[PDB]
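The lines below spell out each chain.
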Amino acid sequence: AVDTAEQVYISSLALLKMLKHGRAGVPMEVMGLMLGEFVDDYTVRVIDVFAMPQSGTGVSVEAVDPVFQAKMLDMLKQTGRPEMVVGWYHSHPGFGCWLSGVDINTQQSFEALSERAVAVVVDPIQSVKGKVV
Amino acid sequence: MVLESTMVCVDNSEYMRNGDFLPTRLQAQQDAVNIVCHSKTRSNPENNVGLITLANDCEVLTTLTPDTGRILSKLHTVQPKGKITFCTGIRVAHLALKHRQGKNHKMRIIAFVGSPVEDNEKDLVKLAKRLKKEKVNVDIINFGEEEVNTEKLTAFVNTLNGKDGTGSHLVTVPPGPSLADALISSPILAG
Amino acid sequence: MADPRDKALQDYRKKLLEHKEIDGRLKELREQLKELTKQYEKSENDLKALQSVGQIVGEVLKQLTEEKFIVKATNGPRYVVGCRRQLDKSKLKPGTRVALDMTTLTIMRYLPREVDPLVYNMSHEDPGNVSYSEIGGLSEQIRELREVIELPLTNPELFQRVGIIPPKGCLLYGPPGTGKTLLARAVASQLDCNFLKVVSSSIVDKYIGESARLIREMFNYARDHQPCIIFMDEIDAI
Amino acid sequence: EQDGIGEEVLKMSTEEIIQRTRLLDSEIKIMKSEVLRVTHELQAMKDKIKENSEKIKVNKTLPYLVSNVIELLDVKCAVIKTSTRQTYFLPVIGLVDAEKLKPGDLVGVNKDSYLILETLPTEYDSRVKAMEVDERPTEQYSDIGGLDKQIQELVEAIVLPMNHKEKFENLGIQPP
Amino acid sequence: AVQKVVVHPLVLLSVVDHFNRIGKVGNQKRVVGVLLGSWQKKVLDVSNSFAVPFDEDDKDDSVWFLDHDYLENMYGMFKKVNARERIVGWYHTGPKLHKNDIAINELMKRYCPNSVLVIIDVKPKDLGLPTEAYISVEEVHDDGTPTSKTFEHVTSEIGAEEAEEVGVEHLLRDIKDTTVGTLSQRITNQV
Amino acid sequence: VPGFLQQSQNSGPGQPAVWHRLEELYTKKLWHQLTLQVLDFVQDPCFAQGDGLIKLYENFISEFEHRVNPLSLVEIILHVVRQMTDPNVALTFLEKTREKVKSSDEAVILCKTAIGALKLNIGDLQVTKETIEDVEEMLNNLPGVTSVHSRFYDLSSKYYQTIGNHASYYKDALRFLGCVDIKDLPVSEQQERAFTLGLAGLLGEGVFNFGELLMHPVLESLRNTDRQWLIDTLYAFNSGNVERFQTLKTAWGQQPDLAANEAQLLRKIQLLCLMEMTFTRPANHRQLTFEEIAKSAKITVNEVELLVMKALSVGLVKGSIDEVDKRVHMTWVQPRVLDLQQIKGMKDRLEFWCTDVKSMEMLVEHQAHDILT
Ligand SMILES: Nc1ncnc2c1ncn2[C@@H]1O[C@H](COP(=O)(O)OP(=O)(O)OP(=O)(O)O)[C@@H](O)[C@H]1O
Ligand SMILES: [Zn+2]
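Protein chains in written order, with the working numbering: chain B, 17 to 149; chain U, 77 to 267; chain P, -8 to 229; chain L, -2 to 173; chain C, 66 to 256; chain D, 4 to 376.
Keep in mind that the hints were calculated from the coordinates and are not lab data.
Subject to a maximum C-alpha distance of 25 Å in a straight line, what follows is the list of computed SDA-like cross-link-like pairs (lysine to any residue):
hint	chain 1	residue 1	chain 2	residue 2
1	L	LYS47	C	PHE143
2	P	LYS59	P	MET99
3	D	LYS313	D	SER171
4	L	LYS45	C	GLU150
5	L	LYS99	P	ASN211
6	U	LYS157	U	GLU223
7	P	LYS188	P	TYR123
8	P	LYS159	P	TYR123
9	D	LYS58	L	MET9
10	U	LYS228	U	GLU210
11	B	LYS87	C	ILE152
12	C	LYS164	C	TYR199
13	C	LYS106	P	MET99
14	P	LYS53	P	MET99
15	U	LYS179	C	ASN92
16	C	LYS144	U	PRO142
17	L	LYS47	C	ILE152
18	D	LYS174	C	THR210
19	P	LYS25	L	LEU39
20	L	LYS45	P	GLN30
21	D	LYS271	D	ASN244
22	C	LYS144	B	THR73
23	L	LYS78	P	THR87
24	L	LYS8	D	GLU68
Chain C stretches covered by chain D per the calculated footprint, using a threshold of three residues with CB under 8 Å from any CB of chain D:
hint	segment
25	204 to 212
26	245 to 255
Using N, Cα and C, we set each Cβ at its ideal position, and we do this for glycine too.
Start from the sequences, fold in the hints, and give me the full structure.
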């Protein structure tokens, strides 16, 4: 009853929604939620990635609007497919990738509410030559 | 408390601007839409009321939505200048009943007919046997001018709910003054 | 029922008191809606103005190749950037001033010159709206002075027909109170384009090279703007 | 009022109960159709201007930055020099207009977007601040002895220009 | 007056996403959604899109339904999260189109004046066949023929900006076909 | 009021069975089956002498009307005021009926056409250019009436009796025959429809035949019985030959408006035969000499050069003229309609082009497969 080595299955349109939203507001720390499907114990998939309306706070638990998300998720139940969130994302253009002071707290709030909630960090100012970090 | 999908159907054909009533028939059918959406709301606020036309095009003007403030703005300046087309009006109302955001409600259609229909008896019985295979109850209410006890309407209302069906009341309005008391006696509670 | 001359005379009077009553407040409802659209336009103008990145101001040192432009910011390091698409690189003269992107760093928009808001104050002021009529006993001196100023800035064809180049300017020396500052009102009221007023006493500073920097800054505004007049009072100080 | 009576006298059954019905029926049916239409359009636009004034408020952070306006262009466009010796430029200014500003103003600047949103009433050197002397005690003029002519000639010189601002304008003179 | 469109690759795969979403229970073999745009001057550009539940009865091929409340909700959300992207038209798949596409277009021109559609090809991907686009034109027909609609074609392209090609190139990683080739790619280009 | 229709019950065959239906539908306050029945009364091809009795009833409708689509109201009042036959007051009557309804229904557009068609008998210079232009300005945002263009076409046929209207008339005659679908009137007027169609396209400045009339059976299925000279002279022009017999037998048969235009139509066939005789040769040896044009267009040597200067100034060809070999070069740039017999060889030269481009592709793929990869 412990982790061994998980494998994240991302889709082609998932990362494309990540780069365009990250490039969109570069100096304002874009923030959205990641939607997928726990298929078993230690493989996890994500096909559909949506964004969240940001605020003056920035990347935090407070920019996550609960009434907007459940209004959004309900409208996704009839069109396409209904599923449950499996994590979140944010952008750190100032550096590489590590979990910030408040990124670790909203991680704890998500893995206490949802199951494990993997957090994705994308550096939009680095994905330039032929590679993404 | 009952969960249904109320799909009111209006008529904006050219035979609506006669005004045999003491008010305008458009105003008579407008207040008819008013008193039925007030009825479906206070009975259960979880239903939805949406208008549909059928004359010269079945344009979905308002979506089948639980809000009513949009519909009340869309009752005005309807411009009745088309020709009544009733044959596809059932099939376009059922396709609205298949596209629903919740597959838990019941299915009930009420219709306002203020113009004579010109359709084959084969077409209505193919549509009536289609509503039997789909278990859909449609009400037919006549306005304005009406030939009394037409064959095409009476055989359709019979074949819509046969062998102890719902009780879809075929309202026959008089061409006299004849206010909304004929429409709030049987059908508003006993559909 | 029937057709009288009394009841049908009173039939519409109980009605005309309603049809203008329902019509009168409609103009109030349309006007309030029109102001609300004007308020909505300004709110939407505030929404579009909310997303502004801001552009780094820098200057073009030189041009390396057809896409490589050695530029430099006002305090920061030097960069090698290019242009967007149709930025007309032949105009990018080595010493012009541009606006760089914050993140891409490439050239967005070139800027003509600076203003130095110190000498902004020596531009914007009203003379007097005076009209050669608030001055007396001086028409010999006035017409002679207007002759050398107005004619090059209006009609240089007379100076072609002679050939001779016009001269720069005049000196208004005189014992005080004679009305020598009153003329500078007059020439800056009529046929004014760009009139600078220098007090020639405030242009000194405590730092050793700053006064010379002010002078060249005054003359580049004079080359920025075509025909322009530089009024320096009291040459006796400097 | 004569035209409404004269159309009741000559004819009786042509345009009495016809002219005074057909244009009054057409008027009220337009007025009924527009009294809910303009109202529903009014209320929906009050919501949209509320949601935007909400959204401007949420993005409105408090910590600001002072700067200095250098210039102003149109092909609207303004040059900002911050207090960190850093120069900036925008296509569009922000919440304040282009025609209410001037070079030399200490506007409040966002730390990230660099947007002009505040005015910051622009103080200066402390020396003339030290020269501002308010709260002048009322000294009664009768404390002065023997110099009452000069008192009046002063009061004639200054106080009447302060009070009678329009007596000196219609006469054709200028107060010294 | 549209020269040409240039939608990113974001909606291209999407539709195929939504076509993969419906194919478990769907028997419609066509996916009709709503195209979003950012109309700049004369050239058109699409970054984002979404779908909407749409069915079409094969009988009488004239009966359709669109959910506009779901359109009014989700577009207002997209404008709230991103106040750059707006409506420009719609899209469907399948080369053989059904004849209600005029009826779809004439309704939603109350949204977009220069309404435009893009046809993608989910199943045909073997020959050289990219996306295809039309324009909403209302003329007679030519001169001496009865009056008609006559869908006019506008040319298309697949543009590609920065900051997505790095996301594109890193997903290819199979042949990748580097620029100017050493004489063997050029012959295949001529083949 | 009901006594007025009882005393006006006469003057129409079989009175009471339609007048009892008229007075009952009067009393049911409907406006459509009544209006169809009034439209049925006016359409009855009689002397229709009860204009003074129907104008009071059409007045009596319009008093308590306030409900009816004014289109069919003015569509019948144009039949009423035409039966009254009084142009002194018909203009003031029609301008009263136009101003009394200024609603959202586009009924002014057919009133303005009803102004012009009644006014284009006398004094036709002062408002006539204005009353034709106001219709074409007000034919926007709605290609769905088809009566306003019909009434616009009717006044343009009334305007055709002028000095200069020949090119715009023929293009208008193509539009109206396009917007109409049914024929709904016998051939005894349709034969003069196609006949004045044949003249206006023949007396056109730049319009010679233009095509899209041999395909439409609106002329050949209506005049294959009478006046065969006009069908044949359209055939000799689409064939492009001079055929001095047939182009003369039309000059005998049609006397008026052909005497002052006969040398013009000789000029038109001399410019037309070029762009088909260069189509007979499929761009192989399109350097043609002056001798073959002089043989085909039966024109002398000293006039082929004035001929081809005119043809280059028209714009149907942009070729060159050489005289060091006296051979005229032809770069034919203005296409037309063609029949299926000339489509056949055009489909074959596509297949010849197809089977060569394919065969050369097999040769490249065979040769360069080993370095294709
Ligand atoms: N000759 C004159 N005619 C009319 N007004 C005069 C004349 N001379 C002076 N003034 C008045 O003087 C004022 C202008 O100041 P003025 O130019 O006299 O100072 P100034 O001569 O420049 O003094 P200084 O030479 O000490 O700088 C004006 O208000 C004007 O009314
Ligand atoms: Zn982070």
